[PDB]
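In this view, the complex is presented without one of its protein chains, the others remaining in place.
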Amino acid sequence: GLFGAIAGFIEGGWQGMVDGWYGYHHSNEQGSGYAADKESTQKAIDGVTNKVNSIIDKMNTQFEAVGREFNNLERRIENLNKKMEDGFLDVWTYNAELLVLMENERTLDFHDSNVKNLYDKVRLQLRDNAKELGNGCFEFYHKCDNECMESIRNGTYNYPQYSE
Amino acid sequence: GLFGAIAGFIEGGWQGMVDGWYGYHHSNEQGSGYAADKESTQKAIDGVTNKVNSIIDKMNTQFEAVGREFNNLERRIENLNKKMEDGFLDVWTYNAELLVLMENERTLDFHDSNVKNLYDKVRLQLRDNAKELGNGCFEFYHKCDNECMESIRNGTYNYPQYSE
Amino acid sequence: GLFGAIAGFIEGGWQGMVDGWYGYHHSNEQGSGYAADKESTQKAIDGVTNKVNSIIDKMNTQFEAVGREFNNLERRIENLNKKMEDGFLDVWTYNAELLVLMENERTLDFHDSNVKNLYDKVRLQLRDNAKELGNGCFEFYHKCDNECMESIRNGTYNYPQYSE
Amino acid sequence: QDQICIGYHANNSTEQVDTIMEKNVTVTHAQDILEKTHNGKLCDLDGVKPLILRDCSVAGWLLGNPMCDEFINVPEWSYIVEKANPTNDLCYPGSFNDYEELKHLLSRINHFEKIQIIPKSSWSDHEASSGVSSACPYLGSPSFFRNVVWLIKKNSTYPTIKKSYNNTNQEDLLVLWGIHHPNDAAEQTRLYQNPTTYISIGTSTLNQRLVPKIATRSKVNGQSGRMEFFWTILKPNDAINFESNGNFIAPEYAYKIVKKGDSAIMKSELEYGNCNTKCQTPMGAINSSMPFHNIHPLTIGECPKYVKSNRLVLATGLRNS
Amino acid sequence: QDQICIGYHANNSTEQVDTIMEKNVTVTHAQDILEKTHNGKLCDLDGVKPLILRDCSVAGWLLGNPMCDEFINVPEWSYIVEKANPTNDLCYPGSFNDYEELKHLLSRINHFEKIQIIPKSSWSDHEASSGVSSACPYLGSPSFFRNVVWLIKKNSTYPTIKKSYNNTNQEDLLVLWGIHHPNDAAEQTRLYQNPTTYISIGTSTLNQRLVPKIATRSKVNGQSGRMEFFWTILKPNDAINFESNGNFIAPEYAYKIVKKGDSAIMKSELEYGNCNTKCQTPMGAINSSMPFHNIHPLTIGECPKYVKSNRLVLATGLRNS
Partner (left out) sequence: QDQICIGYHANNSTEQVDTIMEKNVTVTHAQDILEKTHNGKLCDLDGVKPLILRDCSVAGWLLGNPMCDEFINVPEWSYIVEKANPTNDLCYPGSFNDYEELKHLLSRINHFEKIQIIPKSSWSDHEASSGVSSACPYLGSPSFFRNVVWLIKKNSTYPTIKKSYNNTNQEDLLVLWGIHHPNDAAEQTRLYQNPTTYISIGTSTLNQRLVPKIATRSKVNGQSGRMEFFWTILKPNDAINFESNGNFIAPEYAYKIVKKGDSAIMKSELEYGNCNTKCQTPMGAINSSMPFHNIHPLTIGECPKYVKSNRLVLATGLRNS
């Protein structure tokens, strides 16, 4: 991917996480688990939903072919009618197919982006107090109970806690 | 944003900076201040200006409707005329609206990108000699007077100066 | 660039590398050299090739003008014919020019992206065992013979080897 | 040693999408936006039934081809369905002036009310029940278009007709009439004593004069003669004037245009399914919330936007593996 | 402890833009590229005034409807403005052949020069000042189209006319003429002794023969009779030949086409504002540097490109907060 996260430094996705698009797996003395990051997940949902509705709403006034009949001595204008309606049909078909391809790719790199920025969010917080394994995981130098984990999830992690 | 900088690790923008789009705030024994990064700002200006002129120049040969009149027994061709001109009107309207949406988003992620790359420019330079606070700011381990600050702004920072 | 690598932290490209689009230069006691990273290079090739073929295949049913003749009292429909064929000509010309501009830029930022992700691939691996010079180069704290270099190129680098 | 990981959703969905650089990319969530199904039936549109001409054409219907009695008194329609090549058209050969423009008029009409404007019984000095032909048989017997009357000479005389009709109704009136082009002079005198004839027709807008063409021609349905049909729209309070000394196929029934509105003339071989829908195509109806479809261009009703694609799938979720 | 920060511009601008994933995004700098304003006036185009027909049509103007004297001698125009439904058109009812094609011709013309090609005084053997009607009143008195002459019989005789006119000028000549279709035979002999008449007209290109249609019709402006008008373009050095024994509405004034160029026929109810502009629409003029506009499709002059949008704003600066 463009941002290196999905199928990048993170090997694969989590079959385990079911309440969100991106999130955390934590492991401590109280146990292990998955949690979904609501802010980035929700914002992603709004992004893609609005993309779908924009794509749909921009093509609500396309081109409707109506039927015209011509006689045996109106072949020139009959051909004109046919060629014009085919023409419009073709510009609109092209537009639809193209838009879908483009915005599909934008969507994928958008999710990849969201993942990397989440990872950077935790990284920027833990600075010294954990080590980057290299695969999306941080190994703490201190004990991190559930409250500390949640403090990292909501963004309030109190760094003032040594680690050597 | 896609690159994580604007409304990302940097909380908000600076009302204070008025001579550029991106830049630096410095604080030392000689005082504090804002400076604008000319290279990235100017390059950004060229980018967006040329985008505007490209968008404008690609639509200089659109479709001008002229007026045609038809009598009471030319209703088929009258309908054809109307339907065709509506058709073109609609493809061009679609094109304009679409182009604007797309390139607006590209513009925003372009500025976000510029900010992150500026931040990486300073980061890659200061390596050991400052610490990343996490919010776009670097706290020096050594004294950094105005000349040192400018040496960081123009890209010539002389790293050979210890910091433990 | 958008991702900061090409003409970014890496100053320029390597005239020396001829077997790939992205890669490595290594220097050790056994000597120096360039090697191309096949996976990212090949994937890039597939990406751009498929882009070319998609761009081409989406415009295989454009609009062919045929010739129609009109007499001295068919000037209205003659004008209609001409205006319609010009119309289609113009939508298709616009589409082609636009698509080329857009996907050219996407291609460039795609290569830039590939470079940065390769750099991150090595970085994430060497963590402590080398230092980031800041220019795409890593200076090892340990000796890295050809086998170790290749272990870094294929992704299997065995980090368990101290470096202080 | 405690640890925290950043990750992303993955599932067992096999839904693929396509991008500009890669084809068939598997994803977690996806929205298909192209309707590709129809019921294969011709249905009412919002409760109002279409007009399904069978083996009749618009001309056979309007002129009243004896083989088209199914459509003598047609109720309000939503759209009109005609077959590609209807068998019952002009039973007596000839032509229909501005046929295509009239069919175009029908696109904007949803209801006719047939009215007798000149009764077959009002002709005192001409014969009015002898204009029949074996080219237009009804139940094995010579007949003719039912809405017009092929007037012939009475007692070896065809006095010149001056007939006028004032549209007193508040609706526009579709009025039809014809001229007979005989194959020879003997036929001319036999049918209409006078050798040299005309039909003049005038409204506030119309000013035309017809002369029959007596000539030898190849036979269609057994006739070398031709019938040529004409039409006009009489405005409310305008009168139509006919004058003729022969060859006049006079109107008897005309059509009040009591409903203007959107409609269409559909070419389809299908027949009436007993159903209802919001969107109809010549090959079946569409019940979809989808924005796009790939069934037929020629649509009627509240329909998705036609497109020539075989597949349109939009990615919403992310890359699977 | 010293510190350095990387940051970005922010201001108090409230200008919003829209993107594909988010609507109403506030930004620091933005360029609107859609003109949405006009002056509500019809103006000269680059100093050259339009031709503003008032309650006259193109036909009333060209044929010289007595009610259209404002336009007897019209100077050079940029474009032509006609109302949706002009009241002064064909004062004596009838029709105008290929009216729409002629209006189309006017799109490419910017100046006529009226010239007398056959003087009303040159008719020795016919009456030339008695072709007037109460259908075309001038100041409460029977009159007629001013550019043609309704010739009538002199001393109970209508000798056959043979008249020819050679276009000696270097410009193309627009030439108009007409035929009278009377309501009855008595009227025919009364006006033009001869019962059976024709008008033949021939150029290097034109070869036509008209016969009047004597018939009873409903009255328009008090007349059951009709006037039918025809036109042609005489090439430089080609002659036009008329021959007729009745019912001939002869040309007197024709129109030299002294200026070809871009022009248009505008449908608008507005009148003349005393202004000047570079771009004109049927609802007002546009003075903009903008690339797009949303006012009217039918534009003339150096104009932005019409588009059906209500808002087109391009982001230039970055995201505010």
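Letters A, B, C, D and E mark the chains in the order given here, with residues in each chain numbered from 1 onward.
Throughout what follows, a contact is a pair of C-beta atoms (placed from the backbone, for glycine too) under 8 Å apart; a residue touches a chain by one contact, two chains touch by 3 or more.
Of the listed residues B:103, B:105 or B:109, the one in contact with the hidden chain in the full complex is B:103.
Across E:76, E:113, E:127 or E:238, the residue that sits in touch with the chain not pictured is E:238. Considering the whole complex, the residue from E:16, E:203 or E:276 that touches the absent chain is E:203. Chain A meets the missing chain through residues 73-76, 79. Residues of chain C that touch the chain left out of view are 1, 5-7, 10, 12-15, 17-18, 20-29, 34, 48, 52, 55-56, 59-60, 62, 64-71, 74, 85, 89-90, 92-93, 96-97, 100-105, 107-108, 111-112, 115, 118-119, 122, 126, 130, 133, 136-140, 142-144, 149, 152.
Listed by residue number, the positions of chain E touching the unshown chain are 162, 164, 200-204, 207-209, 238-239, 241, 243.
Just so it is clear, only the chains that are shown with their structure count from here on.
Looking at C-E and A-E, the interface holding more C-beta pairs in contact is that of A-E. Averaging C-alpha coordinates per chain places the centre of chain D 36 Å away from that of chain E.
Inter-chain spacing, taken between the CA centroids of chain B and chain D, is 59 Å. Chain contacts: chain D has residues 20-21, 100, 104, 308 touching two or more partner chains.
The residues of chain B that reach two or more other chains are 3, 59, 62, 66, 68-70, 74, 76-77, 79-80, 84, 90-93, 97, 101, listed in rising order.
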